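Here the complex is missing a single protein chain, while all its other protein chains stay put.
For clarity, chains are labelled A, B, C, D and E in written order, and residue numbers in each chain start from 1.
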Amino acid sequence: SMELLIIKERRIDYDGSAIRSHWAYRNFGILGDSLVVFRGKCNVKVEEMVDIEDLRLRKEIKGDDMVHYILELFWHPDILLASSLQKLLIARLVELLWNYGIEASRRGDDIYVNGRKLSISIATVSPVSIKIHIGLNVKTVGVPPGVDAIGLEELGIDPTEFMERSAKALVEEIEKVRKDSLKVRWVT
Amino acid sequence: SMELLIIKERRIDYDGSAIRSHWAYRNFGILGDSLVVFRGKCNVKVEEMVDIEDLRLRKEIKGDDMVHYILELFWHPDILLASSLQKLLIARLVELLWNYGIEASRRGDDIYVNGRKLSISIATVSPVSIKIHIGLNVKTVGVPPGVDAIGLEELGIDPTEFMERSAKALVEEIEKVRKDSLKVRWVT
Amino acid sequence: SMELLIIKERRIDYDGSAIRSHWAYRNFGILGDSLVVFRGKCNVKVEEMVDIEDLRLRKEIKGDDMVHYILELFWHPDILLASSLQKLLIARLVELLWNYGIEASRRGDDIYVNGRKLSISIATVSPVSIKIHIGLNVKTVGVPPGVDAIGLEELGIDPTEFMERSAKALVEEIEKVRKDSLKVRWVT
Amino acid sequence: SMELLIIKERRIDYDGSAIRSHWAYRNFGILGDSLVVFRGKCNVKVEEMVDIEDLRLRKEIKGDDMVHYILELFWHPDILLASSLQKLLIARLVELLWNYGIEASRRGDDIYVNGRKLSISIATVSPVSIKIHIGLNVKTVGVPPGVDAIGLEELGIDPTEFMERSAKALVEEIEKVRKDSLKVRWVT
Amino acid sequence: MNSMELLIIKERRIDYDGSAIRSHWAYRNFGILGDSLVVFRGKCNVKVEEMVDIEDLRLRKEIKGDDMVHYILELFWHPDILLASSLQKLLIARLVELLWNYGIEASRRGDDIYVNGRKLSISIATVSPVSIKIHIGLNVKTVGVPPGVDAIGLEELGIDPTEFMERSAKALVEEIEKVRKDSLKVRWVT
Partner (left out) sequence: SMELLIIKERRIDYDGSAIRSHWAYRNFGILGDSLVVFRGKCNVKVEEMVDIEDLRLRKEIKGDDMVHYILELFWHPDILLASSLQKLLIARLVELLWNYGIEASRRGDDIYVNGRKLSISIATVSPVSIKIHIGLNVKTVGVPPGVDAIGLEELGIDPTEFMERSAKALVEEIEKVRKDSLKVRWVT
């Protein structure tokens, strides 16, 4: 259906390199649609930056302890599809945070808690797939000053436990999207 | 941008045909991507039912008073995009219900409040567009026995005022989905 | 992956209407990609004829005992993809027949043995999916005047056993098509 | 109609670069859908390998005398289409081999004889086209040990003459795929 | 890349009631497979159930004429409405350029051809689940045309229907083939 790989023992960093096509397959032998969830540092390299806006105003994307979500879908490489899914997934996370008594807020693809930004994300396409990245702060250390952040520990949430519950939630989200797309007749 | 039309004074019943392509243009001359919001009865004619499951199970889809959202997007007619978009929109309505002091939750594409179903929705495509319907009960009368439904009236929400506030939230969501798809470069 | 349903307990006739979108989901509740193999009569109503040339030559498509394969794939509805896939499937059946000691040959999408035609097939699309039909003559009773047919019975092949073995071959063919499509990088 | 260029006498080596877009037009001015068939060495450069599986087990793809087929189709750049069309072509070559009295069988995209692999192949897409490469061993020298190989010479087949007959059969295959795709009406 | 099909019906007249806009029309009726352009002459009386322009339906317009040159184009390309619309206006533009070689000061307003403020044509572009379908119609006479908009025909311009049909058909086929050839000789860009 969809491959879920949660790297639970070691750690892996994110330099924006994992956004490329076939990243999950080339590095994990995971074939087709897949969600790879890991935890590590965050120092996106300029040459791997997808947001053309972050570049024009050379913004810096940093973090030390962040939870990473790498999604690759071999669907029609439509930028509108990538954008829609990304915000649907962020919205699922925002709702999930409420199970922990946390009042999250969504501003497009960004998640906010008590006015502070908890996440980062990007959605785009390759010539053969949809790639999406979601990042949730665990600790606010290493994050570039300007806007202020917040993380999972300060919110009283165990990361490894959140990775299990949230990865499951996102997979369910995507599978429901696929199933619903197959039970409806086209209309004139 | 996107066209928005909220019908506040007249009532319009939904028998399922509003789901057809070019409905907004044929009926009101609204050209291109549009969202039409109105209120009226709901009794979907078997010949107009989109969910094939619902036909298989001979199910009824009726309500005496419901707020309706008919969306047409002239994007690539992909069923997966239609499906994604549909749930992101429902998710936005749920987040909007929190601003009203309501603990609503989402179960795929259905809206729930205290174990009772508040909505109905369907998403599909025509040969030239994406079409989405979202129905929200105002009253509980006329709604088919099976699930326990709840309406906006019992939740103490003025339909007219909600239609305005939710319509603006849904249009804002779609336009952001669009702008975001335009600010990212493709990846290898 | 894909669902396979071989109707073994009873006969089902083909009037061409099984070529329509969501046929398998509507009649058997099978969601998504699917192959439904069954046995019955064949009498295509001019109403349901897909080959435009046949409608021109006012030809008849009938047979009293035929093995039917109805394939539906919810992939991009591309007529070229439907046509390529159809002929690959026909080619697989021709190779399979040699495993039974039969010398079959292919002429595009038609199978021949002893210069006689054994099959009929059609590949088209709906607004939401690819649809393919393959019919193999079990007996040559009820077949039209014009050209010689030959059926499995005459070839000494058991329909039941062949339905089982060919259905698995086709499903495996389609699965490999899908797997290979996911292990290759795009090129410049 | 499609373009065919057979390079019999001059030898062209294959290092994997011929798989890129516009290769045929760019080098020989052959515009549009085309099949170029030549002979030469094979030594695929790891930076030019399309199959990611091989990059994983970092295999080697080489031989000293191989018949090469480079196909480019400016159809919708769909990986599923590239994959299916590929396998239909490999299948047509197998059917051709039977005409030479060869007991050839297919295993996905590979041709075997006596349990030995006679070929290599790959199918992928560029942002503007479909590209397929089929390689047949003429001789087994230079080939890397692991899986046992076999060549056209050992089969007692004249390379040049096979090149002429095989190229023709492949072009005919693609042309029927196209014509069949234009004679069918779409279905509901 | 290679070619396309053309058929000019010179032996008789065929009336356009809008149903020729349907997919596989040329193949169903004339056996012409694939991309094609069919040119004929006859009356124009579009049935409301065959009308494609939704705006014509809303305004309840009559699409009539007693003598018109019809062009029915079908292209089995990606059934994209934007492609259909672009291509349709490129062809009307070519027809405009062509009238100049006949000494006519004609102009273009979208997909409509005008001469001295008077409308000479009608046209529509759309898609079917499997193809692009385009219709172009040029008044031969302005008889039978519903009153309102000032119409002009080929006769009043001193152009021979038959000869124009032949030259314009060739002009449109060449236009399409250059559109195809140009798409094939360009590399994609990052």
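To be clear about the criterion, a contact is a pair of C-beta atoms (placed from the backbone, for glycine too) under 8 Å apart; a residue touches a chain by one contact, two chains touch by 3 or more.
J.: With touch as defined up top, name the shown chains that contact the chain not shown.
T.: A, B, D, E
J.: Out of E:13, E:47 or E:178, which touches the unshown chain?
T.: The one listed residue touching the chain not shown is E:178.
J.: Touching the absent chain in the whole complex: find that residue among E:61, E:94 or E:167.
T.: Of all options in E:61, E:94 or E:167, contact with the hidden chain holds for E:94.
J.: One chain is left out of this view; which of E:4, E:6 or E:54 touches it in the full complex?
T.: E:54
J.: Identify the residues of subunit E touching the omitted chain, counting contacts across the whole complex.
T.: 21-23, 52-55, 77-78, 80-90, 93-94, 96-97, 107-108, 110-111, 124-129, 133, 175, 178-180, 182-190
J.: Which subunit A residues would touch the chain omitted from the figure, given the whole complex?
T.: Contact residues on subunit A toward the absent chain are 52, 55-56, 77, 79, 125-127.
J.: Please give every residue of subunit B in contact with the chain that is not shown.
T.: Within subunit B, the residues touching the omitted chain are 1, 21-22, 25, 31-32, 74, 76, 126-128, 179, 181-183, 185-186.
Heads up, the rule we're going with is that only the chains that are shown with their structure count from here on.
J.: So which one's got more C-beta contacts, B-E or D-E?
T.: D-E is joined by more C-beta pairs in contact.
J.: Averaging over Cα atoms per chain, report the distance between subunit C and subunit E in Å.
T.: Comparing mean C-alpha positions, subunit E is 39 Å from subunit C.
J.: Where in subunit C do residues touch two or more of the other chains?
T.: 21-22, 25, 52, 74, 76-77, 79, 125-128, 181-183, 185-186, in rising order.
J.: Please list each pair of chains that are touching.
T.: A-B, A-C, A-D, B-C, B-E, C-D, C-E, D-E
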